[PDB]
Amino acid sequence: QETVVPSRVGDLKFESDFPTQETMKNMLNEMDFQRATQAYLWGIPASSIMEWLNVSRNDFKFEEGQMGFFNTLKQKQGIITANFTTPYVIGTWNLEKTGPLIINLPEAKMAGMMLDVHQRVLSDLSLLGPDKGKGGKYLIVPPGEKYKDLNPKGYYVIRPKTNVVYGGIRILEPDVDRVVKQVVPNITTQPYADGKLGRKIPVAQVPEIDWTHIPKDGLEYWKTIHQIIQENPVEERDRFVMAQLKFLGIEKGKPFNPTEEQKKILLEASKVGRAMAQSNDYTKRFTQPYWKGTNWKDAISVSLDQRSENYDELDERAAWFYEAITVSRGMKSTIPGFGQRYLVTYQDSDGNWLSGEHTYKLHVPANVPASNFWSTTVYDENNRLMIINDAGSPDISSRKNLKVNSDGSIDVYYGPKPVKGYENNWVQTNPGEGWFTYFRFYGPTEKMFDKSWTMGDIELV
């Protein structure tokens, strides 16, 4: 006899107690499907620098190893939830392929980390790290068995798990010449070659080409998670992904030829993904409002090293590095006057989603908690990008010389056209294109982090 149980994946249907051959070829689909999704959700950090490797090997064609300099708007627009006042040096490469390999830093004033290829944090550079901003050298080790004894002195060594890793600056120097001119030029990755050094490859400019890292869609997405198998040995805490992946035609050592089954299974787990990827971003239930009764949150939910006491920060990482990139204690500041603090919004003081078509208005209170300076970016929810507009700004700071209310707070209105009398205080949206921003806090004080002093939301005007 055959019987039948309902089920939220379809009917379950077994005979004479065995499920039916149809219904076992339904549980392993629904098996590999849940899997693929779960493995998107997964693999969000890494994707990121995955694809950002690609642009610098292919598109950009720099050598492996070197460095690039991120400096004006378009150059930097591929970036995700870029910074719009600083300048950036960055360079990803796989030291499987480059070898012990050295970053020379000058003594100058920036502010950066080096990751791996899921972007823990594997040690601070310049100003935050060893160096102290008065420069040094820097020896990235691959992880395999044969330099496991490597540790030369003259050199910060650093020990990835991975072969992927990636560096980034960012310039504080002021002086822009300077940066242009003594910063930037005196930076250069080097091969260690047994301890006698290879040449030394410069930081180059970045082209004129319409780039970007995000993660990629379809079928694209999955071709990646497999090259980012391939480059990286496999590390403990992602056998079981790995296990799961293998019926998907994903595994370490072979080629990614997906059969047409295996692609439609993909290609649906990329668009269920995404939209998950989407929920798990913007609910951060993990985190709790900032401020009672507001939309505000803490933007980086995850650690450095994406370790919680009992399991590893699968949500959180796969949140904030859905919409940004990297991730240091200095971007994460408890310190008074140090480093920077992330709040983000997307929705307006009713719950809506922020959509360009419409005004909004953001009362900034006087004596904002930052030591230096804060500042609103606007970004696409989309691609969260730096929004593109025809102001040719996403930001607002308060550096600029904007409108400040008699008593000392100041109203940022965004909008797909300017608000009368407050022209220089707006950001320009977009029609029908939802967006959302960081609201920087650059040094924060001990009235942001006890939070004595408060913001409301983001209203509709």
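For the two forms, the rigid core is made up of the largest set of C-alpha atoms that agree within 1.5 Å on superposition. Residue numbers count along the first chain shown, from 1. First, how it differs from the form deposited in another entry.
- Aligning the rigid core between the two forms and inspecting 42, 70, 33, 426, the C-alpha positions shift by 2 Å or more at one residue, which is 426.
- Relative to the superposed core, residue 453 shifts its CA atom by 2 Å or more between the two forms.
- Taking the rigid core as fixed, one finds a CA shift for residue 243 smaller than 2 Å between the two forms.
- Relative to the superposed core, residue 275 shifts its CA atom by less than 2 Å between the two forms.
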Given for the second form:
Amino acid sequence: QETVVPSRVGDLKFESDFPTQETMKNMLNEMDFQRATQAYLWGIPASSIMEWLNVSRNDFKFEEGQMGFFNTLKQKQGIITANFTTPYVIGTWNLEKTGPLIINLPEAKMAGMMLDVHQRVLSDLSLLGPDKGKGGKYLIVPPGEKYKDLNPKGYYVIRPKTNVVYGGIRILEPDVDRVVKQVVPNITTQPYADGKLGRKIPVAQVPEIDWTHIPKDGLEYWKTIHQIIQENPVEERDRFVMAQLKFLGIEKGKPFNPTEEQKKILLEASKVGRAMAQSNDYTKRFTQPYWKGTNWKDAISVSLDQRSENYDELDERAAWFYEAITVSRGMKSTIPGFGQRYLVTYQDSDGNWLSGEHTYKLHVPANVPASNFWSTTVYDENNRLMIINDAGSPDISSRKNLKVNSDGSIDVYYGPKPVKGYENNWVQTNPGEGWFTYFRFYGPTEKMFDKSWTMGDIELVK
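Okay, that was the form deposited in one PDB entry. Show me the form deposited in another entry next.
Here you get just the chain by itself.
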């Protein structure tokens, strides 16, 4: 006898209890689809790091294991939600190709970290790191069992659980030009084999070309997921995800040459997945508003090792790493005057999404709870990069700008430019909505304690 069962995915048809042939084909297509779609979210963090490594080796063409200097707007433009204040020193490499690598870090006041491909923190660097700003030598060891017994004396031995690692550093001193010329030249990476040191690799300077490490879309996304899997070992927590991608044509040790049917499912997974990433990130259902009555929320909810008590933070890391890159102890600092804190808002005081054609205003109260500096940077929602405007000015930082008499500071966001507020203006873009992070570099007590707070952005012109 036949029987039909309606469902969210369509009518399920059975013949003599067994599913019909067509229903099985459909279900296996639905299963592969759902699996690919959820894998999309699972892959957000690694996609970012992998795509950065591709740019480094293929576009910038830096030596495998070589660091890069990012400072100018054109250099930083490709970095997801980067700031346009602190000089960056960044590098990504595959430990399997480089072998044990050393990171000779100079004595200076920097903020940084060591990350694995999925962006878990292996160690902070400089001030809030083992060296405490005094400098030191960090040996990064490949997860290969070969190097299991590698523990050389005189180094901060770091052992990532994957091959594709990442290192990032920031110059915190306001005398940018002076410090870079004093610290960067001394920052270097260096091979280490058996018991002999190799040639030191200097920090190269990033070229002036169009680029970005943001996760790609369509099938490009899967090709890179496939790449992530090929360059790294398979970790226990990811064994089921691997099982779920198998029939989509993605497997470790096998080329990615998907069939048409696999492509069709994958294209859909990328589309629906992207929408879900947006949804999970802007909703941020696992956290709450930093300040009641506002849409401001601490942007970083993920743990350093991505471990909660009974689960690994798939959603928390999916949200934060969808719009940003890296995390560290400092980035979640509760130490007065050290590290940084990040608050984000995607809407105005009416809960409406911020769009580049309207005029907005953010009232920054006096005595901002920050020791080094504070800033507001605008990013485009679509790419989550510093919005490219006519002015060539992505943000506003504690610098040369109009300051109210009560010591408050008003920031304006709009297409054109408010009169008298030319120093405190942010040029948006017609119907190209955006958002922004309010950076706290060297956050004090009143920011942690919620003694000092701000309101959401208010709409001005229609």
